[PDB]
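Kindly produce the complete structure, drawing on both the sequences and the hints.
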Amino acid sequence: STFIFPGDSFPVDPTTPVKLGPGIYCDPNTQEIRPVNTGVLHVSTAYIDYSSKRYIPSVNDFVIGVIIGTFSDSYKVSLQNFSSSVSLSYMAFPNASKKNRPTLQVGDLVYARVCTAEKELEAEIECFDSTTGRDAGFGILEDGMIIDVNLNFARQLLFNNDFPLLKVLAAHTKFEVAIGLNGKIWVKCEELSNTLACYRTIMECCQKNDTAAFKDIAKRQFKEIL
Amino acid sequence: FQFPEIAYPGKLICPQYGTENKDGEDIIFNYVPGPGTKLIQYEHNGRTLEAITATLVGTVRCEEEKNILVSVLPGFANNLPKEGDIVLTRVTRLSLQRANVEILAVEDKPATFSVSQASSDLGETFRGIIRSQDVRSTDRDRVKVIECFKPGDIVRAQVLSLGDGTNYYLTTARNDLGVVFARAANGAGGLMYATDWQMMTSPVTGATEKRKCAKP
Amino acid sequence: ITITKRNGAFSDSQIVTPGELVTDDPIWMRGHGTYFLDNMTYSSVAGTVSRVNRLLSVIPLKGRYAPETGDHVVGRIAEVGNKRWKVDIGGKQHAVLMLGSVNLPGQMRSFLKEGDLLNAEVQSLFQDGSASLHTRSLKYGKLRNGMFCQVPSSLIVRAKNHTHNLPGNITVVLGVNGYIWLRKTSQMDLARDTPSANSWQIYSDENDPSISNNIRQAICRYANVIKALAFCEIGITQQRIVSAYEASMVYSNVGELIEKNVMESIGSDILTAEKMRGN
Amino acid sequence: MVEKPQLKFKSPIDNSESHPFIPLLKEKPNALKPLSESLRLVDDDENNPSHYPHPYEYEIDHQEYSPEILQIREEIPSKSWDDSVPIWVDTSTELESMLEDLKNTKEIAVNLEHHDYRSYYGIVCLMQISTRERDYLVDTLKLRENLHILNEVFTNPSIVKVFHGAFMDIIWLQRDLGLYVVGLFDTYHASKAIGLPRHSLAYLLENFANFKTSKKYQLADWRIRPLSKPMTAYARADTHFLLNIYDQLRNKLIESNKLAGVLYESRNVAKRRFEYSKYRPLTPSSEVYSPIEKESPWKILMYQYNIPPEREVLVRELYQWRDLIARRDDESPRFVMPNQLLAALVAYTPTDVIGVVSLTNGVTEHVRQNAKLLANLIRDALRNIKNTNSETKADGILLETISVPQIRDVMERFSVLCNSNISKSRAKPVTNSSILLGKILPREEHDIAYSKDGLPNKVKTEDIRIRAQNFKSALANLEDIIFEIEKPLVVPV
RNA sequence: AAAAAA
Ligand SMILES: [Mg+2]
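Residue numbers (PDB author numbering), protein chains in the order written: chain G, 2 to 45, 54 to 235; chain I, 5 to 70, 105 to 113, 128 to 162, 186 to 291; chain H, 5 to 14, 50 to 145, 158 to 249, 277 to 357; chain J, 128 to 516, 525 to 628.
Do not take every clue at face value.
Stated by the list, open to error - In silico SDA-like cross-links for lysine to any residue, where the CA-CA straight-line distance does not exceed 20 Å:
(1) I:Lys219 <-> G:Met100
(2) H:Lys125 <-> I:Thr241
(3) J:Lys379 <-> J:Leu328
(4) J:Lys385 <-> H:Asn92
(5) G:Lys85 <-> G:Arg63
(6) H:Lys190 <-> H:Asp110
(7) G:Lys128 <-> I:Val220
(8) I:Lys219 <-> G:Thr125
(9) I:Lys219 <-> G:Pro18
(10) H:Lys122 <-> H:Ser140
(11) J:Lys155 <-> J:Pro284
(12) J:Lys405 <-> J:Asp450
(13) J:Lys379 <-> H:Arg93
(14) G:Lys85 <-> J:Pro324
(15) I:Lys285 <-> G:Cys27
(16) J:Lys622 <-> I:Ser277
(17) J:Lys206 <-> J:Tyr361
(18) J:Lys607 <-> I:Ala157
(19) G:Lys108 <-> J:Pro284
(20) G:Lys183 <-> G:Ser202
(21) I:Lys285 <-> I:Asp271
(22) J:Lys343 <-> G:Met100
(23) I:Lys42 <-> J:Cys553
(24) G:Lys108 <-> J:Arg325
Keep in mind that the hints were calculated from the coordinates and are not lab data.
Take a look at the structure:
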């Protein structure tokens, strides 16, 4: 693998046009491209994969947020603790209305995507994609349980279909699941013992971080509750 | 003027009312207090008396407008943002429906300016808010605030209404108002200059950012 | 100067206390001072048991003013923000006064500001118990031309009219909240209830330019007797005031009414008079 | 099109407002106070003029609720939505059957439907009443003057009436149908007491019922007969599950001791009295409803569209005429003329019949025929505004009030004041020589420049002066930065 | 310191 360090020279020649991305920084004065994080450089597209527990607002990202406040203009939703609030408009719901407002209390789990996210402006999310049949699991998440994981474990789970988690958990139990890019995973089952079994697995899988240890953990966790 | 030219705080200048004889008719001079003066009450011969008394050390000026105005000019405080004045401000934060700033200097009248000295790391500096509808006369309804102003950019505006005792309400609707001084990437890059009214370019790194520019 | 030196020391009405079971009948409708727990009704405060129709409740021995719709109250502006005014009526919360609930003639601080007293009516009530004030009337507005005095809120009962005219050319404004305002009788005060059977100066801060001493000492004496009736815990009515004002005329100087033995004298005089001619 | 039921009514509409609102109540069942005693008129106060009071005002307050509303009973599940069918009542023969059917019930859920576009006061269209095991849909068009017999059930304190937002329902009941409600329980006010996030009906059918609905047919015309499938679906859905929510909310209130408050606010809703705009109280209240609660309703119209206080006489006549025609042909003021089109008449002011017809998007039917008259009202208003078309003055009368020789007196008393005050001052001259810190503290700023030898050299005070003169001169006039950009797309002449 | 019916 090719490991990258901040401040190091950029291997990619400046001759051929290359689109930017997360992980690299374009100097507003010297106009030189330099890495600002530590990880593996992926060139297809140029970006850097680095370990981070803190999520930042970005366009077209699926996130699971919690309503921390209800205003007259929009909703105040926290995608993560201590981070700045996000603006969820009333018109950001399917079958929107003028006078009539969507029913959401403080503490309700919402599965939405980030539409407009500026660095110097308050981010905004919408409870309907733009668009994928208006139903990618978007909306209020009733009951269930959520778990905090690092951003590395969250993105690989949602995007990569070769990740042996949804594959190994589907065999142990039948359930619906929603994964956000802010390190939040929402899983709901029928019986509470199944949800608890799923929580303990992801908690241990994220800690150990091993692709081939998924089946081993899931086997001993589901047999522990019985 | 038959009245003392130099006046220290507490020095008597002129009584309440005055009159003179000219052209076979009595002309009534009405003395009114002004900046640096204060109408107070004195006692003498067992009888009350009201007279204009200077409260600031400086020279006395008697002027008339289309009545005699008595004011004392020192050798800032008097200058305060009022409806119609032009004010140089700096962007403190950006929201979606508006843009709040802080007042630095105020344009005088016939350029010269009056710099308001205050601590910017406390919040004692006067704060002002520019509404999204007050950005430009062109398309007042839909205006993208991100493509107009920027944190740190200097904006020349004109105050409409003072509102409450917290924030001032400015506007950049006209041509001579808008972002004056700004740099690339929120101040990280080089200096940028105003070319088009809705476009600001930088003749150094070749960077171009969308702002609300004024007329040179 | 008066001193008191003491050494060595520092169809019946049921009295209930917090925690006591008032009744074992779940039929009654739960009111104030009572909480529901397993078909049993327990008292949350200490006072008398009030059984009226289906509604069961407990009346506290002492409590702040409870705002009701239609109450004529006197309040002071506590703060001003946005498009509302928050007035202190001496309740649990600050009453609110909307911009549409006042009279605009042809910068809210130019009308009403912090410190200003006014009389108003409780237009409606919020869910938290807060009151919505309403000043749109010829009988309501900003207060002036007199002096303010405060009595316990439980000493002024509701009435059809709380603005009474009294001998001495002065006018009392008995608020249900206990806040009372005495003032010089104006043109509106003289003929108010009578013509019914027959505007930039309303927010002015300046009093009447000519206040005679005959009215000032009247305002003064009327204040001393009201706080005297309040000292004896006597319910203040328009009749109790007039009687006290006349009963206090046996004292030449007005300042003699500030004494404890004098206040209880005027108070006991009305109690015995209304008892004698009442039976 | 659709024929208005006003012509099909047994009695013609009266938009005269020449007399105070007289209730259409004929029989007064379940009343301990005689009708003749409540048919009188209240004495006129300052704000309240002469008007007929609420008939059941004495019945609503004094009467007691059924002791079974004060106990916590288990919820009663609503009948199956797909299995149960709504019963339509369009004849008096099946109205009597429903009347005796409601008398054997403990509580009923009622909600109304209204249309205010083809009528001035508006007209009650559909009334949906639902019991525990069945639902009803009562037509208030054909059956209108005969619905007064429902007062036996509606004014009975034994039977609990379950409404939602009855603040407008009580008005519509007593106005058109002459119905009154004694023993009301408004679920809306109940939702407020609990602290529910939304006090709407769609939320109660969601959280406490799990029946997803939506606002589709509300402003829609309900006068159309018969009723379609999605309309009758929304019609019955209002009161169907409403009895289920009634129990659930009632249980919430008892355990939280908030039941006394809800029934209190409910009675105040039921005692709401309707009255015309003319004979309305001068003091605005929530106990009396009227179409216009402001003495000058044209005031708020101007401030909304930023109309200056000059064309007020124009917008007044345009408003009064719009109200005159609306009360003539029995139509809504917006149907005669919308506010947006009226604004075009105030802003543009067409002096001819050509400018009146063609404005904005479209023009309605009422102002099209009277467009010639509208051209005259504008010419009359412009004639009126042109018909109507103290600083030193107030001071001058005050200067002649004060004595003129007194000015010479107060000046002489001013001259003798200064000469006897500031003119006398004698003290031995004392040097301002420094005692301690007076030598070093106010020290003038000096600068030094070390040379190659390392010897300190005092910078002249004139040196820094020409430095400022050089800077202020160079900064005042900046050299214009000129930069050229290639433009291969431009061509010469 | 928005809210409910139609
Ligand atoms: Mg309804």
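Going back to the hint list, which numbers does this structure go against? Hints 9 and 19 contradicted; others consistent.
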